[PDB]
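2 protein chains.
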Amino acid sequence: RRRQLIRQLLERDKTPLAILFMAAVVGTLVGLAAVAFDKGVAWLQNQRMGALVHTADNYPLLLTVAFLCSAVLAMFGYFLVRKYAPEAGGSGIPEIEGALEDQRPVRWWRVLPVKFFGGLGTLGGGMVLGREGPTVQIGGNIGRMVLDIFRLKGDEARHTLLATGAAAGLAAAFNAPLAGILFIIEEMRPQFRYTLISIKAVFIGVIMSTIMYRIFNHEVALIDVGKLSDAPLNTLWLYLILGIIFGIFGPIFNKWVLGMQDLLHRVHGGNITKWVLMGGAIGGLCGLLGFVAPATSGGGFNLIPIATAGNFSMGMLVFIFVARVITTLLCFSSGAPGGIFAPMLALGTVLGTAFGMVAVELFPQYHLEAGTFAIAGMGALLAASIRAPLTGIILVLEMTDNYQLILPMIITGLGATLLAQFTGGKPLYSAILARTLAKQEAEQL
Amino acid sequence: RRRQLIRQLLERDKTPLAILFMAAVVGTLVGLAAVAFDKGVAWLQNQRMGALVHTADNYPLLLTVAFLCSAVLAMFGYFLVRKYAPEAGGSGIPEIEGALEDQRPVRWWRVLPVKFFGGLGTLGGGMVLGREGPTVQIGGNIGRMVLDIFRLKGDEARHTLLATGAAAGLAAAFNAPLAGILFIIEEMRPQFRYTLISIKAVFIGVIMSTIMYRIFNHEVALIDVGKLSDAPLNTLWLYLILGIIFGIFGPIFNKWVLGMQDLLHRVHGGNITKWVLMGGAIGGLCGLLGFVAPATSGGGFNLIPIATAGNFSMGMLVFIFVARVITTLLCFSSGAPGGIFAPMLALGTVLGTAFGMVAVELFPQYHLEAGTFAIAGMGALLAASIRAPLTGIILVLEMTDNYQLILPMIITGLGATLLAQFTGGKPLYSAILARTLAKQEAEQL
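Residue numbers (PDB author numbering), protein chains in the order written: chain B, 17 to 461; chain A, 17 to 461.
Since the hints were made in silico from the structure, they are not lab data. Be careful, since some hints might not be right.
Remember, identical chains collapse to one label, so a pair may be satisfied in a single copy or spanning two.
To be verified - Computed list of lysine-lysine pairs in DSS-like fashion (alpha-carbon distance at most 25 Å, straight line):
1) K55 - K169
2) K290 - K455
3) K99 - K442
4) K99 - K30
5) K30 - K442
6) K271 - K455
7) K243 - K55
8) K30 - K169
9) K99 - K271
10) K271 - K243
11) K99 - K169
12) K99 - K243
13) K290 - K99
14) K455 - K99
15) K442 - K243
Given the sequences, and given the hints that come with them, work out the whole structure.
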């Protein structure tokens, strides 16, 4: 009746649906955080371009105010990160991957208003860090936040409301919900047996986060090439030797970054009052090299359609490549709050269009294009330095709408990951986690 | 050595690169078969309209040609689906749900080509069935077709190679790679703990199926309505009344389907040649309704973009498009190889726009349109009668590009499935499985 068995006391199914409602509200807050971060970095880029271009009297006044205007923003990044909490640190994901293994415990209160507000300004300063790192660490720690204001279970909820936030941050970064799930289903979840309700909560968070991304931006994804030509079967074996080159380059890049992150510690170990001066001095360098040569610095997403259509010269490509390598080494590994998973796409597609412009002039009998090798090269650094080839292919197919070259890209992935396994090396994100846990073990006496 | 010990004997890639790559190759097929299904039913619709428009001199000539042109294809559907293999009869998902709990073994060499070659002719032939169910069952049977020809061990591969494919049929039939995974998460998987490689294989199958659907069909999403108004924050309490109305309507429709299943079987005491002549009488009525009342027949993917803009007036709406139950009940309960997924997806929207039109003939202080009440009713019958709300939120957000009104969708879901639970009911795609299992139990001893 109305009084007897009134809704069966919420059908005796509170604990199932409560962990889905928590995943829904964290899927609402992540994504809103992502569009706030994107609007803030676009705002800061627009002011740092407009205030620089509003005077055009001579060169050196502009060249000396750009170095100053990016310096205070990068100093606002470093002086927030190294002073308040170093759990911000590097590229996000190495501080959240061990949080699923219950190391580097994610205290949310000292991460959000420092990572968010610092990585707004220093990514808007024009440096070469990515946009995914702050938003994926913010995504996981909002999950820890909106678990720790409701006081849920001790062990299961601490993982299943952190996974659906670490997935949702990456999903709301690039308008790629499947690369948000595929990624977290891979790299950060090892060989075990996972429950049903948890993987449903991850989909709840990812879909309610990409929906809150697509509300405030209703458009096609961030990078565009323009629906290039078909890749026939006769020319497909050039993608395999491109995979050979990328699988060789992967662990060499890992050794490069693991050496540079310790070299920039050897220059200044502690002593934050000189650390933030080095950070501001390198942010001003990235601002100056972003104004004088706009194809060098920046987030990398201002570089894709001007380089996958065959625009620059080959000497310009071999200059931009050795410039962007020394920029994304010397500005990431210093320790600014910023992603490396995003500019690896640019560093991949530059070599992709380089090998395209070589193979077009070297094989005239194939009617090959130099643009459809750049998209195959974009999802190759994610296969040979992250060793997560699924979410290195699916992210590129969600961002770039060039669906026709799926068959080159699965070949250049499965054909670079096996070569990275054959040449030895680790995923970079697990390597940074193990290298940080070595010092975390050495801290105890 | 150098040539010896190649990747430590290929790093033991018997499991993690073959049961993954076979999920990839079963994803790639459903997307060469699903697109053949779609381009076959579109070609049959174009030919059935071109043969219809050829003679337009007077009514009772082409009205009687329309009485038989759908009827011959109805013979070619029913006689195929009943003389050769009586396992395809039904809308897919109840029969493919049986194989996951290990009942009703899927004879892929005998139930697949009959479903294809006699389901396209009766789905594009002028019926009112859906384009989804005989894609889900074809995607399930393609899994066992690929499995029994590559000879895997039948203990876990016989779930993790047809679960991919059972998801990949829907994911490439509705261009929704999220709802395709969440349908098999919510519907066809019990509370048991699941492994990492099986939850990866469904993802790889779904994405390499939706990619090869988006190769041939480069279209915008399949239901293209205009960008409607945003949902106001004070008018959410009307949508809960819509959820209550649909939750009242849901189990009544499920009892209607199961109560006409035996009433349409009562005119079939065996004698398959009488079933084909009853299916001819089904086909003649649904082909007669093809153009003299053209918004009654069809799959319901051409009635939806017209009925949301307030084009249809109230009288013909309540008199015809709600009496559309008398044909979408008559066509699916008979047993033709078509879906009841889509003609509930397009039956909920006319009841939604009826509630929106009475809401705009009522209190005008909100000054809202009835457009926001049809998108919320499109994916609420899926929650109220199939009781899978987590594919009823996302399907009418993947096909309909109106990403704004995610709040009325959540409100009318949690508020229709919640009422449909304690009002008394059971999900149709699990109830008719037990109904056909009762006959499978009563045939022996």
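Hint by hint, here is what the structure shows:
Proximity of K55 and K169 under a CA criterion of 25 Å is satisfied in neither setting, with 35 Å inside one chain copy and 51 Å between copies. In this homomeric assembly, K290 and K455 come within 25 Å of each other (Cα to Cα) only inside a single copy, at 21 Å, whereas the closest approach across copies is 80 Å. For the identical chains of this complex, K99 and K442 are neighbours neither inside a copy (31 Å) nor across copies (58 Å), given an alpha-carbon limit of 25 Å. In the homo-oligomer, the alpha carbons of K99 and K30 never lie at most 25 Å apart, since the shortest distance is 41 Å inside one protomer and 49 Å across protomers.
When the C-alpha separation of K30 and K442 is checked against a cutoff of 25 Å, the pair qualifies only between copies, where the shortest distance is 20 Å, while the shortest distance within a copy is 42 Å. Taking the shortest Cα distances, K271 and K455 sit within 25 Å of each other inside one copy (18 Å), while across copies they are farther apart (65 Å). Taking the closest pair of Cα atoms, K243 and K55 come within 25 Å of each other only across two copies (22 Å); inside a single copy the shortest separation is 28 Å, beyond that limit. With identical chains, the CA atoms of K30 and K169 are at most 25 Å apart within one copy only, with a shortest distance of 12 Å there and 38 Å across copies.
Neither within a single protomer nor between protomers do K99 and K271 lie at most 25 Å apart by alpha-carbon distance, with minima of 28 Å and 66 Å respectively. Taking the shortest alpha-carbon separations for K271 and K243, neither the intra-copy value of 36 Å nor the inter-copy value of 49 Å comes in at or below 25 Å. Taking the closest pair of Cα atoms, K99 and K169 never come within 25 Å of each other, the shortest separation being 32 Å inside a single copy and 56 Å across copies. For a Cα distance limit of 25 Å, the shortest separation of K99 from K243 qualifies neither inside one copy, at 47 Å, nor across copies, at 47 Å.
For a Cα distance limit of 25 Å, the shortest separation of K290 from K99 inside one copy, 12 Å, qualifies, whereas the shortest one across copies, 83 Å, does not. Within a single copy, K455 and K99 get their C-alpha atoms as close as 18 Å, which meets the 25 Å cut-off; across copies the closest is 72 Å, which misses it. For a Cα distance limit of 25 Å, the shortest separation of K442 from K243 qualifies neither inside one copy, at 35 Å, nor across copies, at 47 Å.
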